[PDB]
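Model the full structure from these sequences, guided by the hints.
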Amino acid sequence: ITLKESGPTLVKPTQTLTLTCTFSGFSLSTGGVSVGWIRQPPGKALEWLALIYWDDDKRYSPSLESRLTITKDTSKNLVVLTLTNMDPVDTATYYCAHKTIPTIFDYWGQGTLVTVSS
Amino acid sequence: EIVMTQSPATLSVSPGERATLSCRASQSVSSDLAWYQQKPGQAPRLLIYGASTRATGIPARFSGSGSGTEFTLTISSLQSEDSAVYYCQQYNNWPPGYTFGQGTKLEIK
Amino acid sequence: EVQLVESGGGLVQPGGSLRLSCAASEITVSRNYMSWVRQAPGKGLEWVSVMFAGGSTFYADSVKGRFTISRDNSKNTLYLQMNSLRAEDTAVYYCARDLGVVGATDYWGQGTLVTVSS
Amino acid sequence: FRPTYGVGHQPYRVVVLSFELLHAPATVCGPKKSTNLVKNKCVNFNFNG
Amino acid sequence: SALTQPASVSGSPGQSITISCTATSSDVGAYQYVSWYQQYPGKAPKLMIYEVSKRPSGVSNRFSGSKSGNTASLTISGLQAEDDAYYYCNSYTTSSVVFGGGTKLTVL
Amino acid sequence: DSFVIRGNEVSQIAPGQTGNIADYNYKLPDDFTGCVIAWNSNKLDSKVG
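Protein chains in written order, with the deposited numbering: chain D, 2 to 119; chain C, 1 to 109; chain Y, 1 to 118; chain Z, 497 to 545; chain H, 2 to 109; chain V, 398 to 446.
In silico EDC-like links for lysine to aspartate or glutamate, alpha-carbon gap of 16 Å or less: (1) V:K444 with D:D57; (2) C:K105 with C:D82; (3) C:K105 with C:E81; (4) V:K424 with V:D398; (5) V:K440 with H:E52; (6) D:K45 with D:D91; (7) D:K59 with V:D442; (8) V:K440 with D:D56; (9) C:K39 with Y:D106.
Interface residues of chain V toward chain Y, partial, derived using beta-carbon atoms under 10 Å: (10) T415; (11) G416; (12) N417; (13) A419.
Calculated from the structure, these hints are not laboratory results.
For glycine and all other residues, C-beta sits at the position ideal for the given N, C-alpha and C.
And the structure:
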């Protein structure tokens, strides 16, 4: 099993950041399986972002919802998270991990460092 | 049988201020609760059900909170007639089942 | 108003019998979840017994084998026969329609005292 | 359902099998442990009845 | 606020050490599934243990979880210099999965 | 017949037993012949929320 994140490493204030997570070995078609995103600022703790179930039942983080519509495509094995309105707080690592019900985040990706500045 | 403990037993606060009463469970009561204020002399009256939803009619002056194993009832501004007894009722076992608290006596001045 | 009014409260010598009756108005009971609760003087409340809308009844253990709930659907009323009232059964008995997750118990009965000779 | 529910509130998958035995045209039954073959010895055989 | 993890611990190499992930927050739910994750020094986290008293087959025999109430006392026996890394805990609350404040494990 | 139920409601699926899932949306006879097979599955049915 393998997952891989990708996208822009640098970004400007108040812009739409896009990330594509490509996986191989599994899909989002079987029951229970889902894939979520997590970020971790440099030298800080993790945090949740969103979650997209396999049945197209979606979940987002409570504080920062009503944005970052996470879509996906299980045909080419890709999940996409896109979060707008860049702030200098948004400079952090980003991981796309596959989530099961008991084994929370059993398949994590690589992670991409993103900067928010001129 | 989840054991609920209400607090305090009795309470006398000046009119118009807030009062906060907590009732504590012993197991998972997630969002299965309700609050009854049985003014002395007649049948009880439901105030706030589920987690914090206010029963119909029940003045917005009341506010319920908590979930899981801990719950709280809060009143914005007590008027003189609010004096009564209060119970938080859980219902995680509807097919017959209910579990009440120890009750709380609230009065004024 | 939608209500259930009760009767039968009184005094009976130990080992004796009794029957509590519960009448309703503007609302049916046969198709409404009915539940008899009782209250010891000065204490809280306790679910005592229940009769369903299909007929399948249930009783608490403290009153199992001694109390019997019934309901005259034709005229929208409930009943509870009691026997062998002992020192414990001294309590105020209430008739109630408990809904549960969809609206917690609201309509209750005025009650009826049931004490024993001693 | 949520992953915080007690064992009394957890989802359970369940399958119930209902048979019929009255006037049955036997259509679903069979272990049929297949006979290994022996030759040239007077042996008790029972081939398909 | 939701979970809580200590700053650091330092145990001599070849001994045992236990780490706690206190929740320090009421109503995290039933608190039955409590996972621990191993954070490397700038690498993708690897699942170390899930189902606190359980451990996934494929890793060493020194990590072991326990629960003293509201926390998970994860134990590690026979400390070797290889164990220097970062550590996090993870367990759902009533509304959503929550994480720990982070923990540092340095072998000395 | 395959479906999913709650934890403390597995008891109501029995011959001649009255309840809320047996009396309202699925009921099996008192003279039932066959049997039932239930294995806890809350790994595929419970979502966060």
